[PDB]
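Trainee: Here's the letter readout for the chains.
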Amino acid sequence: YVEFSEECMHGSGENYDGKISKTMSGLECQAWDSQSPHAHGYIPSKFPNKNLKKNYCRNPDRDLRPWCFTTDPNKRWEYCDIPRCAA
Amino acid sequence: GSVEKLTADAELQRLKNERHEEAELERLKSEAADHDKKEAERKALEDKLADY
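Top line first, the protein sequences correspond to chains A and B.
Counting along the first sequence from 1, when you hit position 38 you're at 38 in the authors' numbering, and nothing is skipped either side.
Position in the second sequence (first residue = 1) + 100 = the authors' numbering.
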């Protein structure tokens, strides 16, 4: 997370709930319950057990890896690279 | 819908298809800006590469 941190994740980030609201490309993540120009069909009211809070990057569809929407007119959404377990 | 999470799995599955049609549409969107890049020599092959 920081300059010096070797945290261990499960593997696919599918069950990970970190306080990450930014992308690797400096792009800010859009808020889940906030209706931004970028329309989203992932309504938290239909996913209260997915911990859809604030604007943190999560894996709501059980995808290959977590992803989040972006408040950038050129990038609707992007994937998030999180350290995977090699043990 | 608002207070119930009934049939969430099905809605979620459909949303996945929506993201697929959207993210892949974005490819075409970018290609709209410059078609030369899109269909002619290198960029397509490079940008796409391989995911799955």
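In case anyone wonders, no lab produced these hints; they're calculated from the structure.
Cβ atoms here follow ideal geometry from the backbone N, Cα and C, with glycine treated the same way.
A couple of the hints might just be wrong.
[Said to hold, decoys possible] Derived coverage of chain B by chain A (criterion: at least 3 residues anywhere in the stretch with Cβ under 8 angstroms from a Cβ of chain A; other residues may be distant):
1) 103–113
2) 138–149
[Claimed, not checked] Quick list of in silico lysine-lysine cross-link-like pairs, DSS-like style, CA-CA up to 27 angstroms:
3) 54/A <-> 116/B
4) 22/A <-> 54/A
5) 75/A <-> 19/A
6) 50/A <-> 19/A
7) 53/A <-> 19/A
8) 137/B <-> 148/B
9) 137/B <-> 50/A
10) 116/B <-> 50/A
11) 105/B <-> 129/B
12) 46/A <-> 138/B
13) 53/A <-> 22/A
14) 53/A <-> 116/B
15) 75/A <-> 116/B
16) 137/B <-> 46/A
17) 143/B <-> 54/A
18) 137/B <-> 75/A
19) 137/B <-> 105/B
20) 22/A <-> 75/A
21) 105/B <-> 54/A
22) 138/B <-> 53/A
23) 54/A <-> 75/A
24) 22/A <-> 46/A
25) 75/A <-> 129/B
26) 116/B <-> 129/B
27) 116/B <-> 105/B
28) 148/B <-> 105/B
29) 22/A <-> 148/B
30) 19/A <-> 116/B
31) 19/A <-> 143/B
32) 148/B <-> 46/A
33) 129/B <-> 22/A
34) 105/B <-> 19/A
35) 75/A <-> 138/B
Trainee: Take a quick look at whether residue 22/A and residue 46/A sit within 27 angstroms of each other, Cα to Cα.
Mentor: holds, 24 angstroms
Trainee: Decide if the proposed pair is consistent with the structure: residue 137/B and residue 148/B, CA atoms, cutoff 27 angstroms inclusive.
Mentor: holds, 12 angstroms
Trainee: Are residue 75/A and residue 138/B close enough, with their CA atoms no more than 27 angstroms apart?
Mentor: holds, 18 angstroms
Trainee: Given the hinted pair residue 129/B and residue 22/A, is their alpha-carbon gap at most 27 angstroms?
Mentor: The given pair, whose Cα atoms are some 24 angstroms apart, holds under the 27 angstroms limit.
Trainee: Quickly compare the C-alpha distance for residue 116/B and residue 50/A to 27 angstroms and report which way the hint goes.
Mentor: holds, 15 angstroms
Trainee: Below or equal to 27 angstroms on CA atoms is what counts here, so check residue 54/A against residue 75/A.
Mentor: holds, 19 angstroms
Trainee: Next pair to validate is residue 75/A with residue 116/B; report whether the Cα-Cα distance is within 27 angstroms.
Mentor: holds, 17 angstroms
Trainee: Hint check: residue 137/B vs residue 46/A, CA-CA at most 27 angstroms. Holds or violated?
Mentor: violated, 40 angstroms
Trainee: Hint check: residue 143/B vs residue 54/A, CA-CA at most 27 angstroms. Holds or violated?
Mentor: Outside the cut-off at roughly 37 angstroms; violated.
Trainee: Between the alpha carbons of residue 105/B and residue 54/A, is the straight-line distance 27 angstroms or under?
Mentor: holds, 19 angstroms
Trainee: Are residue 22/A and residue 75/A close enough, with their CA atoms no more than 27 angstroms apart?
Mentor: At roughly 13 angstroms apart (the allowed maximum being 27 angstroms), residue 75/A and residue 22/A satisfy the hint.
Trainee: Given the hinted pair residue 105/B and residue 19/A, is their alpha-carbon gap at most 27 angstroms?
Mentor: Satisfied, since the Cα-Cα distance of roughly 24 angstroms is no more than 27 angstroms.
This entry does not satisfy hints 2, 9, 11, 12, 16, 17, 19, 22, 28, 31 and 32, going by the numbered hints stated previously.
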